[PDB]
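Visitor: Go by the hints and put chain B onto chain A.
Listed below are the residues making up each chain.
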Amino acid sequence: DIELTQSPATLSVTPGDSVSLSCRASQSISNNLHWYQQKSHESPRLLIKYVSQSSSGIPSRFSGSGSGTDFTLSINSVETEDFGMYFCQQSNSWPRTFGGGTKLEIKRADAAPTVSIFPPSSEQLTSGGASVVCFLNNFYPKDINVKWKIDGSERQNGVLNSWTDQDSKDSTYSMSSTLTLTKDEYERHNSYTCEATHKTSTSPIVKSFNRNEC
Amino acid sequence: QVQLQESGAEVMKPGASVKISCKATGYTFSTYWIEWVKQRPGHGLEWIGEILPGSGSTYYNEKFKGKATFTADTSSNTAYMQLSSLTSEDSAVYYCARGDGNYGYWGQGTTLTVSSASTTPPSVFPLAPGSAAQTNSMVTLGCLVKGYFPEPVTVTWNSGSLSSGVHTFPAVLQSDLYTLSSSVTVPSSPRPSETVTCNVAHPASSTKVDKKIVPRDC
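Residue numbers (the numbering used here), protein chains in the order written: chain A, 9 to 222; chain B, 31 to 248.
So here's chain A without its partners, still in its complex pose:
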């Protein structure tokens, strides 16, 4: 197969900057290479066909060049809507093949997460289950260490973390971290803590509650 390698795998970009993405082939593919943009949970959109040709309706900021083994997609001045996945593809031989993808994200000014902790609802507890939820909203960068503590001792088993996509309006992230326990496992301790380490602080953001306190 013609293995298509793209670099970089991710790209943090301030608007107004100019980026170049690279797509290399394991053997020459001549001018058979096209570029797609994929936005989350949307089909891919072709931006450039056969190395450098341009399609009506695609912004002029996008252009490609290359030939043989080295290809480049250039965005002269990245705009905020240029967020997404960037794929190259070769149509030289069978089977058809895509690159790995280069993810493009908008670089913003640091924002500290807003952390909230929620004890198990009684209704849930009646089922005999206890889910402890922690929201870490609107932060940048994407880097963050969340850590759960029970009676000051950390806990690694039972935590599920979900992330929203880089947000469209403010370019910040959000995560939620759930700690799931048996009702009886819960009642054997008192203090639950959600602690975030983000680069916007030296010292952790801590939020806790006392199981007993109402």
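Bear in mind the hints are in silico, worked out from the structure with no lab data behind them. Wrong hints could be hidden among the right ones.
Using C-beta positions, here's what the derived DEER-type ranges look like [claimed, not checked]:
no., chain 1, residue 1, chain 2, residue 2, range
1, B, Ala-162, A, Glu-193, 20 to 26 Å
2, B, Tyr-57, A, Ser-73, 27 to 33 Å
3, B, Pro-44, A, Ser-209, 43 to 49 Å
4, A, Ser-68, B, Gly-84, 36 to 42 Å
5, B, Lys-49, A, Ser-15, 35 to 41 Å
6, B, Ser-47, A, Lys-150, 37 to 43 Å
7, B, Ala-162, A, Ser-15, 43 to 49 Å
8, A, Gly-166, B, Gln-138, 34 to 40 Å
9, A, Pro-67, B, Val-244, 47 to 53 Å
10, B, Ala-162, A, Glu-50, 39 to 45 Å
11, A, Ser-68, B, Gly-56, 23 to 29 Å
12, B, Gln-204, A, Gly-76, 45 to 51 Å
13, A, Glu-162, B, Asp-240, 34 to 40 Å
14, B, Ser-148, A, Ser-199, 38 to 44 Å
Derived EDC-like pairs (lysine to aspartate or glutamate); straight-line CA-CA distance at most 20 Å [claimed, not checked]:
no., chain 1, residue 1, chain 2, residue 2
15, B, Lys-53, A, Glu-50
16, B, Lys-93, A, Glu-11
17, B, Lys-238, A, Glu-131
18, B, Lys-242, A, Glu-131
19, A, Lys-47, B, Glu-76
20, A, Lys-215, A, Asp-151
21, B, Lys-241, A, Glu-131
22, A, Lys-111, B, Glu-76
23, B, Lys-43, B, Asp-206
24, B, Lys-95, A, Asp-9
25, B, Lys-93, A, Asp-9
We treat Cβ as the ideally placed atom computed from N, Cα and C, and that holds for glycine.
Guide: Only chain B this time, still in chain A's reference frame:
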């Protein structure tokens, strides 16, 4: 215009078979090759093969030899991919696209979920701030939408009024059931003097929940 419409999401049992359609319009269906592309949750894009509706020839990705099966109905302008011997790893979004060297027309895709679970409606749990660290100017309220099958559920707050401050997180699997959470933030002026409600709808089960966030006084 050139339209490429695919068939809706499918939830199938492991070892079953699914047939995915890609209806074509605005062109001469028989002229072009229809490509099939597979996209697994963050794993690039894989070319499965293609089919020429006129002749009937069909090229498959080595890797997809006896798992994919392309057919076409020239009368109705539909290509089909059959996936056989479903396994969990077949779960992905699949695209058809019109062949041209490059693909400039893409169907909207079809999500395939391979699984033994069954329609299970969600349990919707209100998350109201603990007596501690609640105090602030804004307040974050939350909704836990736990153990449903299959995707998707819909979550809106105050029946679509609260559009600002809302975060809906991606559902995660937990014992072959899904769990999702949503958080709205509001000024401490509104709650709890202003009724905030979490509305959840699960089409598959025909479940509609209006779950209000009451104060943790109990």
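Visitor: Going back to the hint list, which numbers does this structure go against?
Guide: Every hint satisfied by this model.
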